[PDB]
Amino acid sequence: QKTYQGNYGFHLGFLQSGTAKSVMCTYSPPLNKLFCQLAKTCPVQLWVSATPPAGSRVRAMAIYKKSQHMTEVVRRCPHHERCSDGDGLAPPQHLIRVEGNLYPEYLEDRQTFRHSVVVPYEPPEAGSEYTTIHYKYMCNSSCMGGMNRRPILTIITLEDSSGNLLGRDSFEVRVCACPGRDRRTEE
């Protein structure tokens, strides 16, 4: 999916990580793909070249990468949906959750029925040039009944208070047991 830096120069950033066997979350710049373990927090950076209007929001949503599966809503597999690992905020069917934010909104589109999690857009902290949001994926890419080995993309959109699109940028994701190993291979 095409990126849209838009009027505010919106784009994502990821900390530099290696491919060590014990790494729990590692991003690959050449593949623009995030490799992470189940339920492990992944810090994603939000960069802008100009401050967005007040009341702006940041939405995260997963879609299947391959054309033939793109219309299918991405959800947790039945097994994980019933494992009772809820934090009291996120519905059990949602794949993506946010951690460390007091204002997450777990939404379900009234027309497409796709899931997403939204948090307020907040400026970078003192002496910082990016904002960090911590995301976690509650299902493995291999989960049958779920993503079933189908690659997904995580679309991050910057929206105004009215829900209008301001910016967009995405990355592929693979939720596996050994992020370090899989990254080097795919690379």
Given for the second form:
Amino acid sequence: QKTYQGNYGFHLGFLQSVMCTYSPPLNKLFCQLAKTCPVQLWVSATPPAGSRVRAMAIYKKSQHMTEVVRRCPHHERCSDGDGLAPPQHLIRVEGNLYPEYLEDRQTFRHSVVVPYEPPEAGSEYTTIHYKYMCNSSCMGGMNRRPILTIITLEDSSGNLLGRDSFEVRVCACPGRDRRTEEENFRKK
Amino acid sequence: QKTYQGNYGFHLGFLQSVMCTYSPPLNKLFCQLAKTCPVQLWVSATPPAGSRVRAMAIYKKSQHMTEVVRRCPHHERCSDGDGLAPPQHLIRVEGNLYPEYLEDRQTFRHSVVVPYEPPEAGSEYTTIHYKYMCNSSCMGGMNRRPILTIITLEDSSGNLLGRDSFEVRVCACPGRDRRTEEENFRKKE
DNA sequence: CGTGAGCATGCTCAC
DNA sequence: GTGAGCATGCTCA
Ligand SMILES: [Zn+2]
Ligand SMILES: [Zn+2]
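If the structure you just shared is the form deposited without the DNA, then what does the corresponding form solved in complex with the DNA look like?
Let us now look at the entire complex, which starts with that chain.
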């Protein structure tokens, strides 16, 4: 997808380095099922009060783009809910008291929204912890299809203020697969 | 709880083997998902009328024996129904007009019973076609746990007249895995 | 119909 | 827990 730093210079950042690892040249996150991944939110200017941060997954390949990304039938019933996220949601937020799990009434896409909070004292960014509740390979779900996670900064009214994204692969061996995908990578 | 021929010499045989292939030394059937496997029903003397044949799967390993063998959530919902077999049943019967899919309300175990039919003209055994609707590897299902299929010959009152059983591995490459398991089995020293 | 090599990807098991 | 190697479904010459 195409980014939109917008008027507040909004963009993501990732801690360097397993259970979670980010590849810059690929701008792809590799992580294990249900493991927390910290994502940094950077702005050049403080967003208006009441701004929100939304996370959503969409299939990368054009031919799958219209299909809603949801958990596979096995994990959807594996009883591992936190009492807040609906079972069919792939993406969950950890360490936040006000998550909102939504489903678009038109597209039926799932998303989890959290309030935007300015960086703590001494920091240049604010961190949000995300979890993916299915592997990219789960049958009846992502089915080995790569996805993109779209992080959008919106105002209290739900208007787009900024947007960024990264590709993600939820798998058993993040470190192994990242290396495999980086050496198989061809540029131009 | 043990194979046994009974008053009718009831035992199983298998057309010999790939899609579907049996290994005598292993007494194990290696087949592909949803592919028909013909198993032969042998008897020393014809059993009474009203006799039926039931098929049931159970996990081989003791620490799994108590868990019901059923289809994984993905396949249970993958609309491949045939209009009769409940969607969660692993074993289905092919080419038989009236199979009966039951679920023991006490053990919750699935089984499919079919009426017993004497061999055709010029044959010594009767053949029943089964097929498995999940791979042994299905996550949420057998999850790589080996199962045993138990075929029982019972009369119209449900009384056991004989029993037999074989191991089964439903997989993508039956020939590759049969060879591997037979190779590994030879290592009994 | 019918072949076979290599790989993708969750799992298991020594050090 | 850390790297090696296996188990097992899929892709495609
Ligand atoms: Zn899943
Ligand atoms: Zn299955």
